[PDB]
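Can you make the complete structure from the sequences, with help from the hints?
There are 2 protein chains.
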Amino acid sequence: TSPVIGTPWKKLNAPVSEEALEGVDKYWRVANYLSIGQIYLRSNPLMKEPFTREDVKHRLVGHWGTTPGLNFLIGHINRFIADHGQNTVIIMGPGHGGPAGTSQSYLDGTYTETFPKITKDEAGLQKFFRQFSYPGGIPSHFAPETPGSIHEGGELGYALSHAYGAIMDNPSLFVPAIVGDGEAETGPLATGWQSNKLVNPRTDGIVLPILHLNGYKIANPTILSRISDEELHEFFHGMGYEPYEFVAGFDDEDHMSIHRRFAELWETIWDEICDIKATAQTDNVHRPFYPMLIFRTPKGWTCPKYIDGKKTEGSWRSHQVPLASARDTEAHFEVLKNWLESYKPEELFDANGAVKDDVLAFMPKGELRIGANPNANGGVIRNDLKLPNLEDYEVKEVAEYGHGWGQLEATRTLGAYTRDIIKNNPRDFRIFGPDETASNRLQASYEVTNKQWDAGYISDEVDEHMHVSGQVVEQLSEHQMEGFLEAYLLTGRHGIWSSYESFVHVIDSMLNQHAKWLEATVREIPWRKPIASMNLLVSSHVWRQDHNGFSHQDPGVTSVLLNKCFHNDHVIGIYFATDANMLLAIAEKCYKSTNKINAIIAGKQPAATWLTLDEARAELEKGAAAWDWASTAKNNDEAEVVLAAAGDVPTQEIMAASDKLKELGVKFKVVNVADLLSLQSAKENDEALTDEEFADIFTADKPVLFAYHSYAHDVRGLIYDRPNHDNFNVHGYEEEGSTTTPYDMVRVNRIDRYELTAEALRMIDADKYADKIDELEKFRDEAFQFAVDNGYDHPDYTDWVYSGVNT
Amino acid sequence: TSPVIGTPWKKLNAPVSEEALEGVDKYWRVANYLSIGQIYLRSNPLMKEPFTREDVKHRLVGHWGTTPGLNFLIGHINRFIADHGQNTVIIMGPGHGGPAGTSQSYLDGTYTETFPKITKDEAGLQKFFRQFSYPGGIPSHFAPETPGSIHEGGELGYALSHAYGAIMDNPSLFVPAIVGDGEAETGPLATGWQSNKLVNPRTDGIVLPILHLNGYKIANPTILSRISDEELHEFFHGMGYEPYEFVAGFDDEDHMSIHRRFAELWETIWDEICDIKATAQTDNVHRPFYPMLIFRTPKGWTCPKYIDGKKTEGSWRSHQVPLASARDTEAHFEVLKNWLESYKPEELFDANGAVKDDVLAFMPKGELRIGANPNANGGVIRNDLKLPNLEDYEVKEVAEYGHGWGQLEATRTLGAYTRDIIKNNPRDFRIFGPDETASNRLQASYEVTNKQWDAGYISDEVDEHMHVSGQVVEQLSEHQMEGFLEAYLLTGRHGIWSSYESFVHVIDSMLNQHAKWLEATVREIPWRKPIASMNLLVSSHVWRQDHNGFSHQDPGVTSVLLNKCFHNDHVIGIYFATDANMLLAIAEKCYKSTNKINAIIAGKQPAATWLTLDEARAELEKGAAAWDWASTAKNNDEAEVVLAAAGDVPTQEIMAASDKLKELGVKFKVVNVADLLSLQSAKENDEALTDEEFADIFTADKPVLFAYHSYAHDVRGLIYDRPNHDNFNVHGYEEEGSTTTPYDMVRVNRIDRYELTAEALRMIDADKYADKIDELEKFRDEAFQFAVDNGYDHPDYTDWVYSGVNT
Ligand SMILES: Cc1ncc(C[n+]2csc(CCOP(=O)(O)OP(=O)(O)O)c2C)c(N)n1
Ligand SMILES: Cc1ncc(C[n+]2csc(CCOP(=O)(O)OP(=O)(O)O)c2C)c(N)n1
Ligand SMILES: [Ca+2]
Ligand SMILES: [Ca+2]
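Just so you know, the protein sequences line up as chains A and F, in that order.
Counting in the entry's author numbering, the first sequence runs from 2 upward without gaps.
Counting in the entry's author numbering, the second sequence runs from 2 upward without gaps.
These aren't lab readings, by the way, just hints derived from the structure by calculation.
Just so you know, even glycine gets a beta-carbon here, dropped at the ideal spot from N, CA and C.
Some hints here could point you the wrong way.
[To be verified] Taking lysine-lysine pairs in the DSS-like style, the calculated list, with each CA pair at most 30 Å apart, reads:
#1 A:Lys-278 / F:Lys-424
#2 F:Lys-593 / A:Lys-198
#3 A:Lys-118 / A:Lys-278
#4 F:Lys-424 / A:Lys-424
#5 F:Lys-530 / F:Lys-128
#6 F:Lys-424 / F:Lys-661
[To be verified] Where chain F lies over chain A, by a calculated footprint (3+ residues, C-beta under 8 Å):
#7 280 to 289
#8 788 to 797
Structure representation (C-alpha cells):
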C-alpha cells in the first residue's frame, strides 16, 4: 500500500513569507538559466571571460517555449512542498520541457545523489549543460532517466490519465498535473478531464489540473487560448472543476508582484483542496468541484520579445528555440548573452560554481523533494502480492475425466483467482475495464469489491456493484484504462485490465511508450526499482467475434508487441491461454513478474480444457510442449506430420483434426505454444527454446501444420532462422469473416478442423489421400450450407469431444 | 402484499369538465345537508311540512366547524378518484368531523351495502340522521364502524404517522391526510411531518398532507393560522414539502369559481405527484419535495355568518355547533331552517328521498370508493405469514445439560426468528424501533434487509445497514414507531417494534386508542376482517436498567394494559419470556395472532435457559406450569411453600432461593407464569386457568411466594377471587433502584434470592429458622457492601448455577 509521507492536506494559516518568494524568484531565474544552459552551451556554464560562439552547441536540441512557464510553477510548487510538508508528484504534460525537470532535480540535490559525476560546482554545471539532448548524454524529455518523472510527455495526451492513476489508493498524494494547451486538443487528454467522476476524495489522493495556457502549440494558436474566457471557464465547470485563472507576463508587472499574486492564488486553491480532504473524512459520497488552474502566460516567457523583427515571446516561434542559432553571427550570439545575463547569474552562483544557499533555503528536504519522493520511483514502494495457492483454482476435471473435457469459460477462472488476490491485497491491486469487465468474465471481483463511481446514483435496479470506493474502475476509453493502470503501477501498486482484442489497437501507441519506458529502465536506470507488470487480458478475440462482425475482428496487437521484443529487454510477454489451467499458470507468472507488458490472449467462450495445472506450468516454463497423450507418433522419426497450435481456438481445431487423422491411422505429433516468444530466434532472445529444443518439439525434417491465433506473418517472421522453418504451413486470421457462426469464422480463414485435416493429408501425400481430401472440402461447403439453412453449425462441428475424454 | 388497485399516478391531460364540478358542488351541498341533519334532526329529514321544533334532537352532539371544510375536500377527492382511477385512502385528522365520513359512505353507497337497514330514501335518511351519536347508534367520530376509516382521530396527533404507515410497501396507494391546525400543535403530529425522510417514492406510496387551516381549535386561534404566511411556507419547505395554499370563503366569490380554482390547483399538485412517481421508477435515491396543501377556509364555512350577534363563520364558536340549540326559541329554529334551506335540498333529493343521479354521476364506483377500498378494511388483504420452523431456533442445550444452563441473551433468538420471517414475507413484515433495534438485540434482521433511510448518506464508515428501501425503520419517536406500525397492520400487513420498557409509557395513550379500536371491532364490526397484531418487544427492562438508573426503571406498562382486559375481547397479550425458548413459543403465538396488542416482556441480558421448546409450548398453552423437575415436594400436600416467578429475573432469583431451600431439606413447589392473563378471574376471562387448574398449580392452602417482574399491585388485583389468594406473598418492583449492580437492583426491591429464601422461611417458621433468616438478612447487607467496595457483585450471587446443570 502507498506510504503516508509528511503532513498531508495542511493549511499554512499565515501569509507566504516574503523570504520564500525571493527564494521562488531565484529558483525561477536559476532554473531558466540552467534550462537555456542545457539547450545552448557545451562549455563555460557561468560565462567566465572569454565567452564566445565556441561555447555554444553546434545543433540546438530542446524546447524553450513551455520551459519558463514550467520553471515558474515548479518553483512555486517546491515552496509549497516545504511550507506544507505535502507528499507531491508532478505530471509534466509538456514533457518536451525536459530542461525544467532536469533543472528541478539538480537544484533539489537528487541529480547529484543519483549521478555523482554531476557535482554542484562549475565542473558539474559544464557536464550538466553539455549532456542535455547530447550523444552519450540524457534525453530532451522528462524521461525515466530523470528523478521526479513517472511521465515522459513525449507522446502527448496521457497527462490526466496518469495523474489520476497515481492518486488512486494514495490518499496522502498531491499531483499537480500540468497539461499543455495543445496537448488539450488530443482525444486522450479531452476525456482525461472526466476522470474526476472515478476518484474518491477520502480513499484516493488529489489531482490539481494546471492548463499551461501559453496560447500556442508548434505552429498554430491553441483552440482553448482563442475561444472566449467565458467559454473556457464554462467548459471546466461543466467537467466538475472550479476554474481559477492566473494571467501574468503580458505587461511590465514586476516578477515579485507576480510571485505574490501567484503564491496567494495557490494557497487559496490549496485551502479549498484541504477543505475537500477534511470534508471527505466525514462525507465522501458527494462529489466536490475540484479546483483547476488556467495558467495563462506568454509562450517562451522572459526570452526576447522580438528576434530578427519577428515576435518570439508570446508566439509559436518560441516553441523549439526563439533564436535558431547563436553560432551563425555576432548579433545572434549577443542576443543569447543578453538573454542569459537577464537572469543575473552573478547573484545565483558562488565562486566555485555552486548555487548560493539563499537560492535554495526555501526548498523541501529528504523524501518530500520532487526527485526523491518514492511515488516517483514506485518500485521502492512495490511489495510482492500475497498470492493464493494456484491449486485452489485448477480445473480438476481434466485429471478425472481426461484431456479436452468440458465447456468452461476460461476467463471465469482468472476472475476467481483475481477476486481472491484483491481479497488478500486490499488497496494494492486494481482491475480496469473499458465497460467490458463483465463481458470479459472477470466479474467475480464484485464478490470482494465494487466499481468505483463518484458520479450520481439513481436506483438499486441499475447501480449494481458500484460504490464511491472500489478496486474496479470502468470508463468507455481504452486510453483512460491503460493510463490509469500505468500510473498505479509506476506508483508501486499492481493490477490488470481487459479489452476486446480488436479495440486493444486504440492504445497501441500507449503500449509503445510504456514498452519504451520499460526498455530504457532495464537497460540504463538501475536506481529505478522494478514495478509490477502491465497485465492486459486480451479476450472476446477474433475467432469468436462472430456475433459482432468484421469491425471487431483484428488480433493484430500481437504484431505490435512483437515490435518491442529486442536486446533481451524481456519487457514484453505474449501468452495464449490454451485453457483455464494454462491461464492460471500465465496469471501466476504475470502477477509475480515486474517491468513487463503481459498480453494474455484467452477465450471467454465455452471451450475444452486440455491441460492439468501441473502440465500447464511445465509447458509454460518452456513456452511450447509436445502433447504425448495426443500424439500417435511415439518419436519424431515415426511422425508423418506435426500439428502445432497457438490459441484456445486454433488448439480446438488442431485437436479435432488430430482425431480425424487418427481415424486414418496417420502418425502425427501434437504441439502447443503458450509463449509466442519461446519460438523467437535463440540469437535474439536468450529465454527462447534453444535450436536443439525447438528441433526436439517441432522435429528437424517433417512438415509442420501450424494453426495460429493471429496473422500468419507473426510466426513466419519469428522462426525465419529456426530449424525446419520452410516446412511450417502457418494458417491464421486472413481478414475474412462477418456476422456468421463460429464454424464459418474458422472455415472462411482456412483454419477450420476439416481444412486443417485436408492440409495435413496434402502435406503427407495429396495423391494417396486425394479422395479423403476432396471429401473434407465437400464437407466444408456442406457444413457452411447447414449454417445458412439452419442458422447454427453442423453437429459434426458442434458435438465433437476429444476421443481422449471418458463420457 | 398490498394490492395494485385502479390506474395509479395517472395525469388527467385535460381541464376538469364543468359537469364534474357541478357534481362536486351538489356533493358538497348534500354532504353539508346530511352533516347538519346528523347533528340536529331526530326525524323529518327532507323538512316536509310540517317541519317543527319536534323534528330536532334534544341533546346536540357532534362537530360542525371542521365538517363543511372536510366535505368540500372529500367531494373534490371523489371527483379526482373517479377521473384518475387512483387507489385512495383518506386520513381524517379532525376525526371529530365524523358526519363528513358517514355522509361520504352513504353517498358512495358503502353505508347501505354494510347496513342494508339504512336505505337510499326518506325512510333511510331518517334512520341515518337519528342513529348518529345517539343511544344504540354510531359514534360522533370517524370510528371503525364507518367504511373508509383506519383512523378515528379521537385522540388527536397520529394523523401523519398513520398516513405514512399506510403507504409503506404500498406503491399504488395515495393518502390525502387531512390534519387539523389544532392537531398540528401536538407533539406526535409536529414530529409526523418529518416521516418524508423515512419513506421512498418508488417502493412506498404517496401521502399528500392537507393542513385544515380553519383558523381555530375549540376556544383559541391556531398558532399556524396566526403566524405570517411567509413563516408558514418556510416551515413546510424546511420539513421537505412543496407548500400550496388555497384561500377561499372569506369573501363573496361564488361557490362554482371556488370549485374551478380548487380543481385546477388539485390537478396541478397531482401532476407534481405523478412526476414524482414517474421520476422514482428511475431515481428513487434523491428525496423530492413532496407537495402539501395549506387549505385556509373559515371554520364552520357556510354556517350563518353570525348567530345572536356573535361571529360563528370563521370563529372557534362553530367548533361544536354554532346554533347552541334549535328548540329553546322559534328564532333559533328559523336559523336552522334557513341554514338547511341554503343548500337547496329540493335540487338534491327526488320526492322519493333518494339522492338524485346528477349528484353522484361524478363519483367513483367499485373498489375505488373511499368506503369500498380494501386498504380501509386491511383484514381482506392480510395473508398469513409463511413462518419458519420454531424447532430450528430452539436452545437445544437445556436437553443436553439440563435446566438453568447458559448465559444467552434471549432477544438474539427472537431476532434470528424475525430475520427469517422478513426473508420469507418480503414487503409484508416490518420492524420499527426508536433507535433501539440493535440495543434490544434484533439486528440479525440486517442480514436480509436494511434500515429504511431517505435523508442524506455521507460515509460507508457510519451509514451501515441503511438503504432508501428496507423493512426496518428507526426514528427517536415512540409515537412514530407505534403510529407507523398501527397503520401498517390496518392496511393488512404484519410487524413488530421494540422499546425500553420505561419509555413504552410515552405511547400509553396510543395503546389505549388502538386497544379501543380493537375492542369495538371484535364486539360489533364483523365486516371489518381481522388485522395482524401490534407486537411490542418490551426489553431493557427495570431489573437490568442498573446501567441507566432510576429514570429508566418503570415496568408500569403491564398495569396500563390490564385496563383493557374485559368482555373476553382478548385484544391484549401480556407475556413474560422466561428464557429464549419461552420467547420463541410466545413469538409464534403473537405472529399467528390477530386483532391483538401483544406485549412481550423479555430480557436482553445474559441469563439461564430454564425450558426446552416443548416445556415452553406446554407452559404457554395454559400460561403457568408447575416445574416438576424443580420442586422438592412431589405433591401439593408434601409442599411447605410454593415459589412462583413471572419474568426472567424474578425466575432467576426464585430458582436460586430454591437451591438454598433445597440444601436445608425444605419441601417446595416451583411455579412459572408466562402468560399474566392466565392468573385472571375465570369469571372475567374464559381463557384463564380454572379455579381448579389454579389451586392445582398454586395449592389450595399453602403460602405462595410470588416474584413478579413488575409492580406487585398488578398480581394483587388480578387474583382477588382466586383459591389461596390471601396466602400469596407478592414481591415486585417498588420504585427502589439507582445506577448500581444487578444484585443491588433485586436487593433494594426485596426480590433477591437471599430475601426470597428468607421470606419462604418466614412464611414456614419465623421461629424454627430465625437463625438462617437472621444469617440470610446479614449476607444481603454484606453482599451490597462487597459491591460498593469492589464495584462488582459478591461471587455467591455471580457464580451460582442451578443444582440441575452440568455434564
Ligand atoms: C500525439 C502527438 N502528436 C503530435 C506530437 C508532436 N508535438 C509535440 S509538442 C507539440 C505541440 C504541443 O504544444 P502544447 O501542448 O501546447 O505545448 P507547449 O506550448 O507547452 O510547448 C506537438 C504537435 C506529439 N508529441 N504527440
Ligand atoms: C390529544 C388531544 N387533546 C385534546 C383533545 C380534545 N379536542 C378535541 S377537538 C380539539 C380541538 C381540535 O382543533 P383542530 O384539530 O384544529 O380541529 P378543527 O378545527 O378541524 O375542528 C380538542 C382540544 C383531543 N381530541 N386530543
Ligand atoms: Ca502550449
Ligand atoms: Ca382547526
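Outcome of the hint check:
no. : hint                  : in the structure
1   : A:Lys-278 / F:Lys-424 : 40 Å, violated
2   : F:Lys-593 / A:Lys-198 : 51 Å, violated
3   : A:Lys-118 / A:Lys-278 : 42 Å, violated
4   : F:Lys-424 / A:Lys-424 : 28 Å, holds
5   : F:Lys-530 / F:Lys-128 : 26 Å, holds
6   : F:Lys-424 / F:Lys-661 : 46 Å, violated
7   : 280 to 289            : holds (count 5)
8   : 788 to 797            : violated (count 0)
Of the numbered hints stated above, those contradicted by the structure are hints 1, 2, 3, 6, 8, listed in ascending order.
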